[PDB]
Amino acid sequence: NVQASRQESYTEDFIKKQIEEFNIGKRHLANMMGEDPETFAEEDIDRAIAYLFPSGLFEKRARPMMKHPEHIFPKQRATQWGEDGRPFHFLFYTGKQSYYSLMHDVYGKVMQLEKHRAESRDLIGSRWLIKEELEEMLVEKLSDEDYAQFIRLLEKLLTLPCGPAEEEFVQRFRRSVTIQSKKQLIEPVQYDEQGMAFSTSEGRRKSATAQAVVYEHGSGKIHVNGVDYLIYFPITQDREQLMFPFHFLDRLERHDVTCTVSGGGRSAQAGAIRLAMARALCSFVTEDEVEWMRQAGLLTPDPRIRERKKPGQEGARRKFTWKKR
Amino acid sequence: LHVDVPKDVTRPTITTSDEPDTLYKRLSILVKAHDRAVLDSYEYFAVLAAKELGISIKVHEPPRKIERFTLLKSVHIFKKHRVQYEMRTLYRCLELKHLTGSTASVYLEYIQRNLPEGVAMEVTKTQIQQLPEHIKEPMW
Amino acid sequence: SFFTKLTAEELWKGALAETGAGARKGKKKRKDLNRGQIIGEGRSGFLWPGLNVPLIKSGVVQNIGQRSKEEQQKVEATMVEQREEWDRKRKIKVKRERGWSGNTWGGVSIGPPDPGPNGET
Amino acid sequence: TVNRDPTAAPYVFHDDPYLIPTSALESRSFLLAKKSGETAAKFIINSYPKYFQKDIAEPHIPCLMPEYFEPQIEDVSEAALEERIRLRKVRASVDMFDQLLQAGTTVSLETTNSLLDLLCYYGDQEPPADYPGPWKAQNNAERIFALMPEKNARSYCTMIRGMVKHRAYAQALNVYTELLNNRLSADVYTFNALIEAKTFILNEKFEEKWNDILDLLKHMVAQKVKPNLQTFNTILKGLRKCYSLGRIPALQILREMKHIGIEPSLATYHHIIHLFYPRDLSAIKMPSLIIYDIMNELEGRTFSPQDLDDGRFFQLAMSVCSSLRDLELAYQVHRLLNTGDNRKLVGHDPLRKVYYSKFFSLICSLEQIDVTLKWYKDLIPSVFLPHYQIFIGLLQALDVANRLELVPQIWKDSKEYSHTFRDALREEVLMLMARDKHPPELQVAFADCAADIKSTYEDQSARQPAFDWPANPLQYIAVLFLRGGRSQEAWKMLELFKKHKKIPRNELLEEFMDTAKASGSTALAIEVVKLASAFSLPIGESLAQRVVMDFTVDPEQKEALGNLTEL
Amino acid sequence: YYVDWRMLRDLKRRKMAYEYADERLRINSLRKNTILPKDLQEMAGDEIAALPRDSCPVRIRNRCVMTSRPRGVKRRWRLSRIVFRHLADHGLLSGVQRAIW
Amino acid sequence: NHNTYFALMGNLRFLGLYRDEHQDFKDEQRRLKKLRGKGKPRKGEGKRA
Amino acid sequence: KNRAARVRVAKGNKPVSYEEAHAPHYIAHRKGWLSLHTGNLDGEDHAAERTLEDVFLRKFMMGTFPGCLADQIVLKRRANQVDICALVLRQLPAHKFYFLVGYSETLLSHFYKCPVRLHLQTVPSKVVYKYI
Amino acid sequence: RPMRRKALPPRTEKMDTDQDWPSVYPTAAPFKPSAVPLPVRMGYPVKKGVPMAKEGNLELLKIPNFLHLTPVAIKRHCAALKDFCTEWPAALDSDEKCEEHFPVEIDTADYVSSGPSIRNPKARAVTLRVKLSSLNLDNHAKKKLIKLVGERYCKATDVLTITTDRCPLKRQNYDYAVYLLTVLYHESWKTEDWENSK
RNA sequence: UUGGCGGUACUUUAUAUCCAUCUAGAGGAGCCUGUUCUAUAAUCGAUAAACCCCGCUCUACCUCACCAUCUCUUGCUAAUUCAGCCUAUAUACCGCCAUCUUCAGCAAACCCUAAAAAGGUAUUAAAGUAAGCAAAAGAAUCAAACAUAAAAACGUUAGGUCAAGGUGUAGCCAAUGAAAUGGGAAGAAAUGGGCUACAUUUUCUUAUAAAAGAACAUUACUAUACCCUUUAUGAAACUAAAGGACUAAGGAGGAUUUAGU
Ligand SMILES: [K+]
Ligand SMILES: [Mg+2]
Ligand SMILES: [Mg+2]
Ligand SMILES: [Mg+2]
Ligand SMILES: [Mg+2]
Ligand SMILES: [Mg+2]
Ligand SMILES: [Mg+2]
Ligand SMILES: [Mg+2]
Ligand SMILES: [Mg+2]
Ligand SMILES: [Mg+2]
Ligand SMILES: [Mg+2]
Ligand SMILES: [Mg+2]
Ligand SMILES: [Mg+2]
Ligand SMILES: [Mg+2]
Ligand SMILES: [Mg+2]
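Protein chains in written order, with the authors' numbering: chain G, 60 to 176, 183 to 390; chain H, 9 to 148; chain D, 90 to 115, 122 to 216; chain 4, 78 to 209, 235 to 669; chain K, 28 to 128; chain Z, 54 to 102; chain C, 36 to 167; chain 1, 43 to 240.
Treat the hints as calculated values from the structure; they're not laboratory data. All clues stand as given, with none of them false.
Some chain H residues well away from chain K (every beta-carbon gap over 10 angstroms; in silico): (1) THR23; (2) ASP48; (3) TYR52; (4) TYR99; (5) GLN120.
With a cut-off of at most 16 angstroms between alpha-carbon atoms, the simulated EDC-like pairs for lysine to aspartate or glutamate come out as follows: (6) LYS90 (chain 1) x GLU200 (chain G); (7) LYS105 (chain H) x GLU147 (chain 1); (8) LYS101 (chain K) x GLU84 (chain C); (9) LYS131 (chain 4) x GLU84 (chain C); (10) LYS87 (chain H) x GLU379 (chain G); (11) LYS479 (chain 4) x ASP62 (chain 1); (12) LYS56 (chain 1) x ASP480 (chain 4).
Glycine residues also receive a C-beta, built at the ideal position from the N, C-alpha and C atoms.
Modelling step: build the complete structure from the supplied sequences, incorporating the hints.
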């Protein structure tokens, strides 16, 4: 009562033919695009396939691909025994020959260190590989209990005296922690025809966008869209929003700003200018100050934007009245 | 063909006339499609063809347009439950410059005949000519 | 209208009413109407070389033709016989032997077990 | 810019492995079912036109509209007759012409001539058509010609042409005599029919006949009528009857063609070749050299359709090359076919396959195997799907070049072209492979080929109970199995000699024994003796004695072997 | 055969409005102005009324071309919401996709 | 033109060049219904006189 | 629950193709469009007429090749040319396909007044994406 | 007894890697898995599955491929198409140089779409653009020309824009715009007695 | 011996969540609109949650399916003792959906038991294993995240829809079919939703949401009713918009209830 076909297992003979067909494919794709077959590479292949078979499907897994068989197929679906039927690995009948073969090596290392007999922080800012990464190294499915047990054994190895061989071993299972630098990207300092220094930066609040041009030396003259700021912004709260960047760094009356804000309303345009001024003013302040701006909210774009209306309800969140029952 | 090759392939007859030729200062080609990748391939084909014929070309991407409309999901009643549909239009503008009328016809024919399915073109020729002979001299 | 016509798969699904509120919580039988139809065969009896008749006959390139009213009536009756014969085949069945009683499963042979993993019949 | 794809079938054929024509029959049948489907659509369109009348195409496409061929003018007037003549209805126009005469209404001489044109050209018979012819003394054409009150040159001219077209040579000549007596002047087309008439008629004396045809030409100058290409082509086509005596006359015509200013076409040379290179030529010792001069004259020129025998030239030229066994000339002829668009004049289906078959067959015979294989990949299948004899020629070429390693590949190609079950081809493949010894690697490859050719015999035998395994294939397939590490299979094939009652050859029998000695299996050696006894071959007794010395025979084997020796 | 008798009546209304378009244009022009005598305008008001009622172009209703549904139709395709959704949800309309945003 | 499509496709079904699954389905329901005695009455001979 | 164009789960024995497996919300994401014309692009006309021609062209091809279509056809319009790309099972003899192509091309070229070409890719049997 | 036809092996097997690919795909065609010698795969893959193969792949057939347009073909094509092109006059090396000798700009638009009809209503419109500096206009004429044209004149650019779409065809609308310029220019020079009362 | 069952509590988990907290509303007035009722010669369907500006992103004729009157009988198509039917059954169905629901489950192939009515977990591991669908992931809102959409299986409610279309069974065929003209009315009524107002954080005017000058309780605030003019579409104004006056009620709304992180 089974019609669903067996999950396909790939013989080494099958993958071997898939690699000869791919190798002949590269020579043909190279001949089509007029490139040299010897130097034709995986990057050139992907670019050629995108030109010859343009697909605009959003998901990239569904687009045409001519990749090396090692990539498209799973890495190790090969037979685990020979013609006679004798498995190749002495731990085959465990069902996790690769997980237990690794736990066999690390347990033997631990025993030699304990029998044979400094700071253990040889590597810092590193993490243990996640289960998904481990499963990729072993090429076999692991459970959470199997991963948890593997880490405990690796930790015990670090606790004990470790020669350079052990340190290299544990290194394989340590992945450098991603380094996201939460530090503002300082803008360059250009020079005008007059020779005065000035920096420029963009800012976006709601639908408003601004392009400020702060000058290193000035008397505090801010011009928005070729107008003064008291005229352009008759509301105090809009002017206070322009005061926040300079007042915070005690730099009032020391710079000359030229703004160009298009889009949005009065408050959204002041907010867009505030960010544009804070980002341009970074080039003329110390790095310790740039961090004080970043930590006071002056350098982060505000992500709050109007939410779309939903069909079947009065608003983005407002619902139609629940008729009286 | 390895050994069997045409000897003297016949070529179409191109006869130079005595009429003066058109002079296009600009020639804007706005192609539209639902698929960006098709525009990238067509942009590559068109820019390569222009460069091979000596034409000066520049390319930019006008902002895309998305048209959305709402419909009633059920066949009967159940007003509050709707389904929404959209059509996305993407643009690639090929701005050519300093073209004679013979160069603009052969190029446009070649690229229009190879216009992929689902792609619409909007050529905008800009011709430049002298002033009318009457206007040149004021006559009362 | 030609645009309100649905395929056979959709027509039988509705008529049979197998998937329904009554069926699951508590007879119409399906039939295939393309079983006997040979591409190129119509009620008018036209003969189409290369579709429903030989393209070449005795070295002569055939041309379009139509069967006579008598000949077509024979072909129509012959297909009616084959349909009735096919229906008779459907009715005909091979009865299996009963067990300890006619309405009980005890004693009834159900054949050999299925082949093994390595073609062990 | 683009050239022919050598690995693809002609563009007409559908680009799919299931739909590619394997053989030449499926090629023609596929192009006869397609035409039949087009005719089925045109029948429906022209029979239910109301459904194909809405036009949504701007600009308007005239060729995608329903056709109407039946007259829609009901009134009986000269205008209505003109419509029927335009539609080319022959019987209806005669009825309305007679009705017009019955009323007596005036009919224009030009309109009366358009009626005779239709009747004379179709010879009083309705135009040939498909849907669900000698000249008759009593017919509408001659009757209408007499009823005509006023006659003009065109009227007589139309009769002369229609008569000659429908094989009325004797009458047509008489009609021309009337034209001269009336003092009218004929046109070029009428003079061409008269020349076509004198030739077809059998005159006892050629000298008189030739002087007569010339007299028609002399009257063409008296009446200030200038000849055309067809005029000269007609005279040369007539001369092909008298091969011996038409050689000097034929050349004189071509010299006059250039002086007048008429440019010889491909047809004009097609006729001179026929006259100078007879197919049934006993005197092959010293053939004429004109073919070399003609090709030099036409080198690099491009030709257009200007006669009805232009296609015939290329097929005839290639044939002449094969007769002379000059492959350099064949390259010039094919080179002329490639200049410009000369490829369009190769010929139709009957002559397209003869030209290339003759060409490729000549290549294999007189060309280096390396070059021969280049031509093979280009021409086949793209140009023509060859018949099996072409492969026998290719296999023979490989054998003459000492490159039998490619014979297995040629077999795989043959299966695509519907030669899988060809007895002649299968016998040639196995024969060449097993004709002589080969290195171990080559023998193993041949053994795989022998196994494939065996399956064809086996699968064929399954279909046909009354099947016969030809004797020579059995020997070739068995030898190849022994030589190529398939000895076990060859022992099973030894039994097939008895099943089909084929007499094993002496060479094959001793070969099995040699292999047995190396194996050391006395049992296998005795098996050969069993088959020798069955057919009562004399060598069988000697072979049995040979086994006695080759192997140590057990006492049980001695009794068994002795029984077979007695048998 | 058209979908139903309602689609047939509408089809006739569309072919009779096309026939009388020039007539109803020329006559109605005499009424939509203040430059001609009111006596003529009152008379042209009656010539237009005397024309057949199916010539009037406000009696045309846009119906689904495939199901003859009077309401719910989209004018760009001439299909009802139900029929449009069947072609769209199967990938049969060129460029129409579901709107996710 | 709904008349052109319905008439054209009906004619093609009678020429054997088109197969209408819907029509074949209805043709057999009529055949079975007539055998059951539920067929269409003749005009002018309806149940009510 | 949504019932639109969803081939519902059986018991693991129903062979669905790639096109059938994916529900409407995967259009433009995992599966493309069966018809490609310019009539639904912005500022383009004649969407109604192109769509009506498609509906007919699909019903015509099903009836003209009854039981011989492995998957839905793909319609491609370029200029006034129409191109029909159909996956067809190898059931009918080869010569019969040449007849239906010649017939269906000529008939649809005189009906819509455009050049129409039929492109047939023959499969040994329906291609199964997954068993659901 | 009935014989089922056997499909031939794909012709890609017979294709060399140094073939003339432009010949294989001379013109735009649909993707034929039996003619494209590439192991291309397309389709979202099932869990523990690879993307579907090219043979019987509807997704690859749904793609508007560019196999007929390859860098080798495009270069070979344009080599033939060079004879058609004509050389732009070298003297007109700048935009300002063109305005000097050719002050009038005529805009014409074409539209390419898919369908049986090649007709688009928008193709009739024409637009003439000339700068008043290019026209020989006295101080009186320029003031009269600017008042008559109204908003057609742009003070910032000094460009007069005449848009003519009333006529059915493009050749009629083009000739009308040239006519409108001639009357406006000639009328502007004419002086009427009522003009002295401004 | 399984399942069911509770009006079962305690402990966690979350919920614009029962209650509590917060903001603007509904419930009062005037209108717009759906429904019920009354009622008409005069449709139909939805009508607890999951109906009530619902099918309608829409009814002056048309639309139209209703009522009255008159009229046609092979009556759209190539053919058909046939065409046609918004005739009955959504409790025969397809199609397309609602509801639990962004809830976490549904289904199949094997293996095991001193027999199995069933069950099959122990991680320092004791008989379970390996594939599916949903969730998840991925994609979309054109950097990034978050969020929002989309997605959401099997079942539950014989839930909704024979009137989108198609269709099983039963029924009409000089009529339950076709067509034309004219009508399809109202309410001292109840009720759902929406709109506007009840004002001083207000009203009018210029600017523009900055500021300024006036108004500010009897009609000051305040009529999207009625009535009267004019314009728009149309053949038809019975419709919509803009003015004009006329102006009544309304003074922030009992229990109770809706939405929002
Ligand atoms: K249902
Ligand atoms: Mg709100
Ligand atoms: Mg019994
Ligand atoms: Mg209306
Ligand atoms: Mg009404
Ligand atoms: Mg009415
Ligand atoms: Mg009714
Ligand atoms: Mg129900
Ligand atoms: Mg109900
Ligand atoms: Mg995403
Ligand atoms: Mg998800
Ligand atoms: Mg119910
Ligand atoms: Mg009735
Ligand atoms: Mg204010
Ligand atoms: Mg009015």
